[PDB]
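Could you put the whole structure together from the sequences, leaning on the hints where they help?
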Amino acid sequence: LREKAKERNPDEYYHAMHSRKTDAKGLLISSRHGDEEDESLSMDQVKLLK
Amino acid sequence: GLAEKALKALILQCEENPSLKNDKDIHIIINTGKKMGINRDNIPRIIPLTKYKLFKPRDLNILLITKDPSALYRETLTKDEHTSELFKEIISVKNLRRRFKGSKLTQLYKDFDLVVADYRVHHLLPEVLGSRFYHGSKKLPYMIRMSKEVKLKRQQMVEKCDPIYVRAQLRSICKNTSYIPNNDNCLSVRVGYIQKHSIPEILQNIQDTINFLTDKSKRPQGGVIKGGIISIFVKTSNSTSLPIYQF
Amino acid sequence: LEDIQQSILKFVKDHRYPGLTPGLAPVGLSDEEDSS
Amino acid sequence: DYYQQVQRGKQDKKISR
Amino acid sequence: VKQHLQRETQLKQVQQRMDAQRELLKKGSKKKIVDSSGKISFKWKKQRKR
Amino acid sequence: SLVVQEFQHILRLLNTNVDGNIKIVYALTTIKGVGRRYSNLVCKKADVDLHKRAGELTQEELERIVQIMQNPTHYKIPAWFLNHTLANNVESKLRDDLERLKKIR
Amino acid sequence: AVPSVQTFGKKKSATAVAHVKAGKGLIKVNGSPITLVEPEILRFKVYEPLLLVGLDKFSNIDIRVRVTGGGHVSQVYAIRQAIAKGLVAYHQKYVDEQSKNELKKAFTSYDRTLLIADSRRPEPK
RNA sequence: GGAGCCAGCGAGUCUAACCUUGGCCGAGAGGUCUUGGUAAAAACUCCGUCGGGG
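So the protein lines, in turn, are chains B, D, E, H, P, C and G. All residue numbers for the first sequence refer to the deposited numbering, where the first residue is 51 and numbers rise by one. All residue numbers for the second sequence refer to the deposited numbering, where the first residue is 11 and numbers rise by one. For reference, each letter of the third sequence is one residue, going 139 to 148, 178 to 203 in the deposited numbering. All residue numbers for the fourth sequence refer to the deposited numbering, where the first residue is 493 and numbers rise by one. All residue numbers for the fifth sequence refer to the deposited numbering, where the first residue is 201 and numbers rise by one. For reference, each letter of the sixth sequence is one residue, going 2 to 7, 11 to 87, 99 to 120 in the deposited numbering. All residue numbers for the seventh sequence refer to the deposited numbering, where the first residue is 3 and numbers rise by one.
It is possible that part of the hints are untrue.
Stretch by stretch, here's where chain H covers chain D in the computed footprint (C-beta under 8 Å, at least three residues) [to be verified]:
1. 15-21
2. 245-253
Think about it this way: if two alpha-carbon atoms lie no more than 20 Å apart in a straight line, the pair counts; the simulated DMTMM-like pairs of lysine to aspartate or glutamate are [stated by the list, open to error]:
3. E/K180 / D/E169
4. D/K170 / E/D181
5. D/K163 / E/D181
6. C/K49 / D/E95
7. D/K18 / H/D493
8. D/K63 / E/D198
9. C/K80 / D/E95
10. C/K49 / D/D69
11. C/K80 / D/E169
12. D/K66 / E/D201
13. D/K66 / E/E199
14. P/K245 / P/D235
15. D/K228 / E/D181
16. D/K170 / E/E199
17. E/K180 / D/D51
In short, the hints are calculated from the structure, not lab data. Yeah, the Cβ is synthetic: ideal placement off N, Cα and C, and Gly gets one too.
Structure below.
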């Protein structure tokens, strides 16, 4: 792991950089959910559940 | 009268023995038959004496430990006439952990006489205090509810105090004594000074203590005896056992 | 049953600290009002 | 003259065991 | 029977709070007041819906 | 043109001498034995001006505080108001046994 | 979108993050207004970029500053560099290039440590 | 004496003293309680106080 950290190569472009996002601390945040659609219910669906 | 003769024996051997002069207290140790229930934390629960006082808040040096900001605490307790001459020093916990380290903690133990802290910080207190204070059970700090006001669930706690109430609380805990709850059968309790009062005071002391510990009511403090008390031995820290009341 | 029938037909502790309620001192009003 | 006899009792108890 | 009555009171309390919150989502012009005892509640504008 | 006045230098109180121009706190410190909080508390116990000089504090309040210092426990007061051969043996033993150690080694 | 911009400032071992976005004319540094930076003699050094340029350009924006690491003077130089480069970046992105250039000229003529830092690497002979 | 506030390397089911006072339990081995004494962020800023050595 340390030797990968030596050869980071600071120019890469992985398309997941449009979907992942990161803390200011540097650590990579991840979801309790997992999916791509259940990030936040919208007002219709909340009307139904309520 | 056999009890009183044994106490005479203890005090006269205390006079003769070089080591026995250099420790100056009396402990009653009880052996009962059954093991007690509550686990041994370090909250010394108090026991009342009815006829005879023991010590005076105007006689011992006192340390008080606060919550964090300690500003209104220190200034009011210093300036308002019921506690102006009472406490030797007030200090907060964070200030203490900043201020005293190692040999400084040992110097504290050498210097100050009795320690009381707020109930809301007693739980954390021995960790900064270490175990030099926590050798055995003499200098165990007590806990005192400062403001005479109680925090309900889901409501911001109100800060206040009153020297009236804290002076009464210290006068209670310095008039009468305290024990520690255990799990094993045997237990110990400090009772009386060899010069501050005399043998009838000590016998009355023992009677009230065993009565309060035998009484079924007042259960968070006084219902400590389960099963029968077998025997009581009187001893100092460095003397030996003298047996009374064997059945 | 009178209690139940009426309602059907109609101390120092903390919330978070339980060691206080034995550890405290049940202070005396004499040890308050008196000045030694 | 009690102290010596009870420490006697202590010693003799242990060596008796 | 006493237990059942007390349970009923608790349930109707939770139902009423949930019902006001459910009505808080439809339409109109809402206005938030604090009843000076410390209550939070609302009041709608004088506005007949179509 | 006349105005009249209502001053005493270094005092001899309890076997030692104390200066005469400085406030009563510093005075009760230079009196042998006791401390600052003790001073401030006994002076507000006798109800004397904290700010006054040792040239001040005339004879009646002086002897009053003398009474207090001579018998404080009568004034609601707390207790913090008062105040070779083995070397030879171990040396000789270690040096002798190390001598024998050198000799055997 | 909200017209926004982000920059960094850096003394020897500290970090000063500066968000700059359009707003009501305020400053915030670590969730506290900037009349309350600590060292109280270098508060003026923090104030330096504003008093260099003027005040209206900081009347029409919103700053948010967060600093970590370092010690006192290091943090202070970090904040001033961050505020400088952030203001210049916001001007470059959303208003006229001429205003950006006159800003840059006034800054660098005064003191270049505002626009570029010096991480002090040694010189071995 | 308060009060304000700031760093960076580091993480192996791994990290730690001594003798002493006695009660009880057990055939012990010893177990458990009891008890006394000895070894082990700071400078910074601001406010308030003071002005030869054992």
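Each hint, compared with the structure:
Closer than 8 Å: that is the beta-carbon criterion, and the stretch 15-21 of chain D has 4 residues meeting it against chain H, so the requirement of 3 holds. Residues of the stretch 245-253 of chain D with a Cβ under 8 Å from some Cβ of chain H number 4, which satisfies the need for three, so the listed coverage holds. Taking the CA atoms of E/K180 and D/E169, the gap is near 17 Å; set against the 20 Å cutoff, the hint holds. Annotation: proposed proximity of D/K170 to E/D181 holds, straight-line Cα distance about 16 Å (limit 20 Å).
For the suggested pair D/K163 and E/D181, the alpha carbons sit about 9 Å apart, so the restraint of at most 20 Å is met. Using a Cα cut-off of 20 Å, the hinted pair C/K49 and D/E95 holds, with the two alpha carbons roughly 11 Å apart. Restraint check for D/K18 and H/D493: the C-alpha separation of about 10 Å stays at or below 20 Å, so the hint holds. As the CA atoms of D/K63 and E/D198 are separated by approximately 12 Å, the hinted pair is consistent with the 20 Å bound.
Distance check on the hinted pair: C/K80 and D/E95 sit about 9 Å apart at the alpha-carbon level, within 20 Å; holds. Simply put, C/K49 and D/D69 have alpha-carbon atoms about 18 Å apart, close enough for the 20 Å limit, and the pair holds. Under the criterion of a C-alpha separation no larger than 20 Å, the hint pairing C/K80 with D/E169 is inconsistent with the structure, at around 30 Å. At roughly 14 Å between alpha-carbon atoms, D/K66 and E/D201 fall within 20 Å of each other, so this suggested pair holds.
The straight-line distance between the Cα atoms of D/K66 and E/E199 is roughly 14 Å, inside the 20 Å bound, and the hint therefore holds. Between P/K245 and P/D235, the direct Cα distance comes to roughly 17 Å. Compliance with the 20 Å bound is thereby established for this hinted pair. The hinted pair formed by D/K228 and E/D181 meets the criterion: a straight-line CA distance of about 18 Å does not exceed 20 Å. Distance hint between D/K170 and E/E199 is fulfilled; the C-alpha atoms sit about 18 Å from each other, no more than 20 Å.
With a C-alpha separation of about 18 Å, the suggested pair E/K180 and D/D51 falls inside the 20 Å cut-off, and the hint holds.
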